[PDB]
Amino acid sequence: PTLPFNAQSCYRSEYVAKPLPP
Amino acid sequence: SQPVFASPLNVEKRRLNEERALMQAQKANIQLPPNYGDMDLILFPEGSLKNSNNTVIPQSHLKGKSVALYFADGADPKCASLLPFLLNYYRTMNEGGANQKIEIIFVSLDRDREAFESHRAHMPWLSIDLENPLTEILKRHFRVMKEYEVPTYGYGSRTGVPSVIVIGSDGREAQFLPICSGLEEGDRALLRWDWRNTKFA
Amino acid sequence: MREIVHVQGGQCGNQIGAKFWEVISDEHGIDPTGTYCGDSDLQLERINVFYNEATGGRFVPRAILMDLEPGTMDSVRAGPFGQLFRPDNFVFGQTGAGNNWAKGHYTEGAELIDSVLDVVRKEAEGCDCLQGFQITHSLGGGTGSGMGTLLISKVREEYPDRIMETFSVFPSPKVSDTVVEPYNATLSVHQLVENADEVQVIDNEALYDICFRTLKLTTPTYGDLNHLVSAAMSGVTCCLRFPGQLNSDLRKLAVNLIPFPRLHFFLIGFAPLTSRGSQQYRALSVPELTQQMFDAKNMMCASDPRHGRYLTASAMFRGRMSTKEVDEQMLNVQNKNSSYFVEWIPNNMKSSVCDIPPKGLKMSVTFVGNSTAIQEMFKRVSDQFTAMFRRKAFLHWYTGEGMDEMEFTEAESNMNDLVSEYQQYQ
Amino acid sequence: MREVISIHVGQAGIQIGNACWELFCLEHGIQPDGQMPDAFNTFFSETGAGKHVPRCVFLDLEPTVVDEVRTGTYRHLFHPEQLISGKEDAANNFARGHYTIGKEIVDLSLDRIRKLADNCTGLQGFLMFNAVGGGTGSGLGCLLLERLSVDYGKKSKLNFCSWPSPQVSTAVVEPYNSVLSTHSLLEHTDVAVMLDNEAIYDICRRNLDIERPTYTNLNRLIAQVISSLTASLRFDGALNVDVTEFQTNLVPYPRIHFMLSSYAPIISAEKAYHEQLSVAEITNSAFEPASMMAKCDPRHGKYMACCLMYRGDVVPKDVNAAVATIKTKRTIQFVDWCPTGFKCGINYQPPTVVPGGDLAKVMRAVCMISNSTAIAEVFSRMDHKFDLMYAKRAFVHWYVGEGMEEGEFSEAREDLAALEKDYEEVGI
Amino acid sequence: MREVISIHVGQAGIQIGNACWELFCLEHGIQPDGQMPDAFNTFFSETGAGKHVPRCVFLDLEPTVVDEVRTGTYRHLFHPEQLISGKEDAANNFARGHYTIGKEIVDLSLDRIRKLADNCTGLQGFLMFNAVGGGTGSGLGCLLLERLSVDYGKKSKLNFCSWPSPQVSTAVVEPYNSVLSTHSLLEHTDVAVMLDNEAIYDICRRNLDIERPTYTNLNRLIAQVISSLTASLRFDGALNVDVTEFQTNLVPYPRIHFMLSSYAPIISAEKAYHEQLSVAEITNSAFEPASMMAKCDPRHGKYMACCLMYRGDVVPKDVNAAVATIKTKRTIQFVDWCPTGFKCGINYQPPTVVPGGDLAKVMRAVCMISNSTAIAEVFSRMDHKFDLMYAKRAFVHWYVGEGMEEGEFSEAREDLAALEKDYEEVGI
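Residue numbers (the entry's author numbering), protein chains in the order written: chain 21, 237 to 258; chain y, 2 to 29, 35 to 207; chain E9, 1 to 426; chain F0, 1 to 37, 47 to 437; chain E6, 1 to 37, 47 to 437.
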C-alpha cells in the first residue's frame, strides 16, 4: 500500500508541446 | 492551459475569460470556448507584491524585466545553500548595467508568519505574503511541493523547494532553472538564464 | 523576323537564366506580370527576338526550362519574374540525373527528349525562320553537362544551317565541387567541339576575384555573380535588338572570330567595374574602357592571358562613342601590347558600336577573346582526367549505364587533340 | 511526389529516430497532433484536411520501446499500422533476428513498405536507422534490407549505423554481432554512415560543456546531422544537393561506402556569445579531429572525398576563401590520385533549436560526411576482437543452436579481409 | 414505380432483416412510427396519412424470433401479417422444412407475396436472405423458390446466403443441408451472393478492431452492403445500375452464378479521421485477398467478372484511373477470354452512418461483388465433408423418416460434381 511515486521519464519530460513555427 | 490544465489560476482564468467571451458574443463569429492564446488575465492582483521598502507595487512595474519566482523554505538546507548565490547573482547582474535586468518574487513554502518574516528580512527582492492565497495558488500552478500533501491530478512534483522559475505574462513557464532537477547544477544553473528573450511583457 | 530560342539546362543553368531574364526584361521594360511600360518605340521595335505577343498585350519569353530534378525550376517559378515563363514550356523530371553524365545522356535522358524536342520545334516552326539558340548550363554537373548536351546534339542535326552559342562554367583550379569534374567535363567537351558553334567559358574563382578586388563587396551571394554574367550575355546580343554605327550579329562575330572550325572557345570581359568609392575619380571615356579590357584581373576566366598570345578578339562597345577615338585606340592597343597578340594576323582586334548604352551607365563594352591561354586550362582537365582513369576510379556508375572502356579513351584523345591544335598555333 | 521512406529497426534505431521525428515536427511547424496552424512533402503525406502523417515505419520484436510511443505524446501523429511490435525480444543474436523470429515480421513489414512506396514514382531512397552490435538491429535489419534490394531495383539506401565503440562496448557479443552484419551490409546498402557513442560523450564533454548528459542528448546532436543532411530537399538554397547524388559524390568503388560525420557549431547557449561564428572559423572546426562523430584518428588517414553542406546565412565566396586555405594546409592530407575532393552545397534556412535543448541559436552551420582511409583502423581493430574471441569457439553454440551454419563465420571474416586489403591498396 | 421485395426466411434471414430495415428507415428519414416530417418508394409503400410501410415478408417456422420482433421497438412500422410465424422450428432438418411442416404455410406466404407484387406495375425484382446451414432457411427457401419461379418467371431473384465456413460450422448436419440446397438454388436462383460468418468476424477484428463482436455487429456490415447495392435505385448518381443490371454483367453461363463480396472502407472512429480515403486507395483495399467477405482466397482462382459500387464524393476520372492500375497489376489474374469485366456505378449520396454503432462518417465508399473461379475450393470443402459422412450413412435415417427418399442424397452428389466440373472447364 503506497503514497504516490512522482519521478518521471526523460522522454516524457522534455519532448513536450513546443510552440509551433507557422 | 499552460503549463498544466488543473491549476487554480487556470480555472479562474478560464471561468472569467469565457464568461466575458459569451457575454460579448451574445451582445454582438467569435470562437467559443476561447483559445488560451486569446485569453487575458491579471496574474498578480492589486495588493500582492511588496518590495524592500514594504510598499505595494502594481503589476505594470514589472514590464521590461526578466522576472523569476523563487520558491523557498526557511529551514530547508538546500534553500539555505542556494540563497547566497542567488543574492550574489542578483547583485552583480543588476549592478552591471544602466538598466534593471532581472527581478525575483519570493513565494513561501514556510510554516508560519514569524519564520516567513525572519527569512524575508534577508531578501532584497519582492515577496508575496504567506497568508495571501496567491502563495498556495502559485504552488499548485507550478507543481512545487516538499511532500505529497495537496493532491496532484496524475502529475508529479515538477521540482522540490528550492526552485527558480522564469515566468511570463500569462503564467507561461519560460524556462526551468536546473537547481535540483534532472540536471543538478546546484548554485551554477543560474548562468543558464536567457534574460534577453524572456522579458515580462 | 529573327528568333533566338532560349534553353536552360541543369541547376546552374536555371539559376543563371533566371537573372538573364531579369536584365533582358529590364533592357526593354517589361513588367514582371508581362505588361509593357517604358513608352519608347525604339526599345521594342525588335521585341520578337526573345518574346511573343499574346492578344492580352503580354510578352511570354521563348524560353524552354529544362531539367530532370523537379525542385530547382520549381524555385524559378515561385521567384520574381517567374510568372513570365510559359507553364507548358516547363519539362519536369522525376528521378534526377544524380551527377552521372552517363544517365543524363543515354539511359535516363532518352525518355524525356520525346517531350523537349516536341516543345522546341513547335516554337521553332511557328515563326518565319530561326536565327540562333541559347543554352545556359554547367560542364561539371550531371543534368546540365550530359543531358543538356543531348539537346545540343539533336537540334544541330535537325537545323544544320542555324547557329547556337552557349554559356558554360568549368571546374575551378583551387575550389572544386562535384568530385566527378573531369569525367563530366571531358565527356562534354568532345561532344561540344563536334556539335556546337560557339562557347563562352566561365570560371568560378575568376568571378570571386572580380567581386573582391573590383566591386569591393565583402559577402554577396550567387545573385551578384549571375548579374555580371547576365550583363555579359546581354552585351553580346545587344546589336540584334538595337541599331548602331558598326552593326553586329551572332553569326557575323562567328565568322570574324574562329579561324578554324575546331577551336571556338571564348573568354569574356566587361566594363565599367569600379566600386562606389572609386566612381567619382573616373570620368568615363573611350581610352580607359580599353585599358580595363586588357586587364588580366578583369577577365571572366582565370587563365592568365599574359602566358599566351591572343589569336583574335572582339569588342562590342555600347553607347554614343565617337568612332575615330574608338578604332584608332583599338589599333593603339594592338601596337601597345605587341607581344600579347599573334603575329600572323594583321589587325588582331576588332570593334562595334551598339547605339544604346545600358540604363544606369553611359558607356559599356563587352570583350570576347579567342585566346590561346586555354592551353593550360584544358591541360588542367587533361591531367585531372588521367589521374582518375589509370585504374578506373568511379568508373562503375558510368559503365553500368551502357558506357564503354573504348569511349572513355576516345574522349581523352579527342580533347587532347584540341590542346594540341592550340599549342601548334604560336 | 519526391520523398524518402524512413525505416526504424531495433531499439537504437527507434529512440534515435524518435528524436529525429520530433526535430522534424517543429521544423515544419507540425503540432504533435499532426496539424499545421512546399516544405513538408519529402517527409510527410497529407491526410484529408490539414493533417501530416509521417513517412516512417517502426519495427521491433519487443513491444516495450514501440508501444511506449503508442501511448506517448505522439499518439495521433503516427498511423497505428506501421508501428510494429513482435512478441519476444531478439536478444543480441544475429541468428535469432535473421532465421527464427525475424521471418514472421518481414512478411508484414515489406507489405507496408509497398503500401507507402506505390503512391508516387521517383522514390529518392530509404533512410534506415539501426545499431550494429544489437540483436534485432542487425538480423531484422539484414533481412529487411536484402529483400528490399531485390524487390526495388535501383533506388538509393541510406543507413545510419550506431557503430560499436573502439573503447566501450556495453555487450560481450558485439564482435560476433558486428562482423556478421558487415558481410550482409556490403552488397545491400549504398551509403553507410558510421556513428560512434563515446565520441558524442567526448563532444558533450568539451564543446557542449555539460557534465552529465544521457542518451536523450546523444540523440539531439544525431538529429541535427540528419536535418542538415536532408536540408536541401526541404528548402531552397543557393546551391543544393540531392540524396541520389551522394553515391555519385562519395564512392569510387561499389564496395567502399563507409563514411564519417562532422558538425559545427556545437556550443552551449551560455558560451555562445564568446563566438561570433564566421565561415572562416566553423570550417576549420569541421576538420579539427576532436570534432568528428566517429572517433578515429585521421592523422594516419588520407582523405579521399568530402561533402560539406553549409546551412543558414552563408555566402558562396567565403566558403571558397575557407576551402582555398584548407587545401593548402598540410595537416589535412589528401591522397594523390584524387586532386579534387570537395563538394560544398548551401541552403538558406538556419538550423532550428529544440526548446529546452542544449543547442544555442546559431546563424550558420556546417555538416560534413567524408570518405577517408582511416576506417582501416576501425576494421583491423574489429578483426582482432573476432579471432581472439573465436580462438576457442567462445559463444559459438548460441549462434549454432539458433540456426546459423558453423563455418559461415569463416567466409564472413574472409569477406572482411578483402575490405581490409582494398583500403590499404587504395591509400598508397 | 421501381419497387423490390425483400423476403426473409429463417433465423439468419430475420436477424439480417432487422439490420437492413433499421438502416433504410434512418436513411430515408422515416421514424419507427412510419411517417416522415419519392426516393423511398423502392423500399416503402404509401398509406393514407403519410405512413410508409416496408415491402418485406418475415418467414420463420419458429415463433421465438418473429414474435419478439412484433413486441419490440419496431411495432407499428411492419404490417402485422407481413410477419408469418409457424408452430415448431424445422430444427436443422431439410426434410422437415420441405415436406412435412413447410407445406402448411407456403400458401399463406404466396398469398401475401401476391398481394404485395400486384400493388403496382414495374416490380424490379426479389431479394432473399436465408441460412443454408439452417433448417427452414434451406427447407422453406427451396419450396419458396420453386413456387416463385413458376409464377413470376420473368423477374430477377437475388439471393444472399449465409454459407457455412470451412473451419467453423455450427452443425454436423450442415454438409447435408448445404449440398441438398445447392440442387435447389442452381435452377431457381438467378444470382447468389456468397456470405460467410467468420470472414466477417475476421474483418471486424483487424479493420474495426472489435475483439468480441456479436450477431448485431456483423449484421450492420451486411446492411451497409445491401444499402450500397441498392443505393443506385434509391438516389440519383452519375451511373445508375439496377437489379436487372447485375445478371447480364456477372454471369456468362446459366449454371454459374456464385460470387463473392467486399466492402471498403470498414473503418473505425479513430482510423477514419486520420486518413486520406483516396479513390485509388479504397479500390486497392477492396481487391485485397483477405478483405473479401467469404474466407475464400482468390489467388488460386480467376476473376471472370467484377462490379464496383461507389458511394459518396466520387469523381469519374479517379475511378477510370484507379481501375486501369488494377488491370495492369500483375498479381490478380483475369481470364483470357473475358477482356472487359469492370463496372463503374457511381452514386452521390454519402453512406449514412448510425452513430453509437461501429463505423465512422466517411466521405466515400466502394462495395464490390465479384464472380470468380475461386468458388471451386468452397465447394471442394463441402464436397469432401459430404463424402466422409455419406460413406457410412450417418444421420440419414432422420432425413428418410420424414418423407425424403434415399437417392436425393445420391443425385445431389453428382449435381455438385457437375457444378465442380463446370468451374474447372471454364478456367481454360
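A hint or two may mislead.
Pulled from the structure, derived: some chain y residues nowhere near chain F0, Cβ distances all over 10 Å [stated by the list, open to error]:
1) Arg-15
2) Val-62
3) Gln-65
4) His-67
5) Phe-91
6) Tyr-96
7) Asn-100
8) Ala-104
9) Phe-182
10) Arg-198
11) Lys-205
Straight-line alpha carbon distances no greater than 30 Å define the calculated DSSO-like cross-link-like pairs of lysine-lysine that follow [said to hold, decoys possible]:
12) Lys-311 (chain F0) - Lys-379 (chain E9)
13) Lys-124 (chain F0) - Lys-163 (chain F0)
14) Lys-71 (chain y) - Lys-370 (chain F0)
15) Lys-166 (chain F0) - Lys-216 (chain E9)
16) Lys-280 (chain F0) - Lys-164 (chain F0)
17) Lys-112 (chain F0) - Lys-164 (chain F0)
18) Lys-338 (chain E6) - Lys-124 (chain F0)
19) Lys-164 (chain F0) - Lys-392 (chain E9)
20) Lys-124 (chain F0) - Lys-112 (chain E6)
21) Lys-379 (chain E9) - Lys-338 (chain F0)
22) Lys-205 (chain y) - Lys-254 (chain 21)
23) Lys-166 (chain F0) - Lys-60 (chain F0)
24) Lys-311 (chain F0) - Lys-254 (chain 21)
25) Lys-254 (chain 21) - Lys-56 (chain y)
26) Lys-112 (chain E6) - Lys-124 (chain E6)
27) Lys-297 (chain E9) - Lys-164 (chain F0)
28) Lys-60 (chain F0) - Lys-254 (chain 21)
29) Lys-166 (chain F0) - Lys-338 (chain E6)
30) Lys-124 (chain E6) - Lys-124 (chain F0)
31) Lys-338 (chain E6) - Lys-338 (chain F0)
32) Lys-124 (chain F0) - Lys-164 (chain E6)
33) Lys-163 (chain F0) - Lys-154 (chain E9)
34) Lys-252 (chain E9) - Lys-174 (chain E9)
35) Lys-430 (chain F0) - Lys-392 (chain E9)
36) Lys-112 (chain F0) - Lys-96 (chain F0)
37) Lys-145 (chain y) - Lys-254 (chain 21)
38) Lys-164 (chain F0) - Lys-338 (chain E6)
39) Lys-164 (chain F0) - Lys-336 (chain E6)
40) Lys-392 (chain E9) - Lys-124 (chain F0)
Calculated from the structure, these hints are not laboratory results. Just so you know, even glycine gets a beta-carbon here, dropped at the ideal spot from N, CA and C.
Outcome of the hint check:
no.: 1; hint: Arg-15; result: holds, 21 Å
no.: 2; hint: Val-62; result: holds, 35 Å
no.: 3; hint: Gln-65; result: holds, 26 Å
no.: 4; hint: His-67; result: holds, 28 Å
no.: 5; hint: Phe-91; result: holds, 16 Å
no.: 6; hint: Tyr-96; result: holds, 18 Å
no.: 7; hint: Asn-100; result: holds, 19 Å
no.: 8; hint: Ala-104; result: holds, 19 Å
no.: 9; hint: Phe-182; result: violated, 8 Å
no.: 10; hint: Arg-198; result: violated, 6 Å
no.: 11; hint: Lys-205; result: holds, 17 Å
no.: 12; hint: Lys-311 (chain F0) - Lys-379 (chain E9); result: holds, 26 Å
no.: 13; hint: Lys-124 (chain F0) - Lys-163 (chain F0); result: holds, 18 Å
no.: 14; hint: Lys-71 (chain y) - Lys-370 (chain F0); result: holds, 22 Å
no.: 15; hint: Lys-166 (chain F0) - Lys-216 (chain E9); result: violated, 45 Å
no.: 16; hint: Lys-280 (chain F0) - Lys-164 (chain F0); result: violated, 43 Å
no.: 17; hint: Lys-112 (chain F0) - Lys-164 (chain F0); result: holds, 24 Å
no.: 18; hint: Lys-338 (chain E6) - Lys-124 (chain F0); result: holds, 14 Å
no.: 19; hint: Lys-164 (chain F0) - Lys-392 (chain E9); result: holds, 24 Å
no.: 20; hint: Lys-124 (chain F0) - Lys-112 (chain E6); result: violated, 55 Å
no.: 21; hint: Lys-379 (chain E9) - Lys-338 (chain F0); result: holds, 25 Å
no.: 22; hint: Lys-205 (chain y) - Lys-254 (chain 21); result: holds, 19 Å
no.: 23; hint: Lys-166 (chain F0) - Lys-60 (chain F0); result: holds, 28 Å
no.: 24; hint: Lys-311 (chain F0) - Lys-254 (chain 21); result: violated, 44 Å
no.: 25; hint: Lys-254 (chain 21) - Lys-56 (chain y); result: violated, 34 Å
no.: 26; hint: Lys-112 (chain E6) - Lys-124 (chain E6); result: holds, 19 Å
no.: 27; hint: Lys-297 (chain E9) - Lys-164 (chain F0); result: violated, 46 Å
no.: 28; hint: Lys-60 (chain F0) - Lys-254 (chain 21); result: holds, 18 Å
no.: 29; hint: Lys-166 (chain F0) - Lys-338 (chain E6); result: holds, 26 Å
no.: 30; hint: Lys-124 (chain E6) - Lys-124 (chain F0); result: violated, 54 Å
no.: 31; hint: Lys-338 (chain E6) - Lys-338 (chain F0); result: violated, 58 Å
no.: 32; hint: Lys-124 (chain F0) - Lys-164 (chain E6); result: violated, 44 Å
no.: 33; hint: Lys-163 (chain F0) - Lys-154 (chain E9); result: holds, 28 Å
no.: 34; hint: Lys-252 (chain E9) - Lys-174 (chain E9); result: violated, 36 Å
no.: 35; hint: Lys-430 (chain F0) - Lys-392 (chain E9); result: holds, 18 Å
no.: 36; hint: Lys-112 (chain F0) - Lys-96 (chain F0); result: holds, 13 Å
no.: 37; hint: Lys-145 (chain y) - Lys-254 (chain 21); result: holds, 23 Å
no.: 38; hint: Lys-164 (chain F0) - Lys-338 (chain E6); result: holds, 21 Å
no.: 39; hint: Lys-164 (chain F0) - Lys-336 (chain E6); result: holds, 26 Å
no.: 40; hint: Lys-392 (chain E9) - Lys-124 (chain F0); result: violated, 40 Å
The structure fails hints 9, 10, 15, 16, 20, 24, 25, 27, 30, 31, 32, 34, 40 (numbered hints given earlier, in ascending order).
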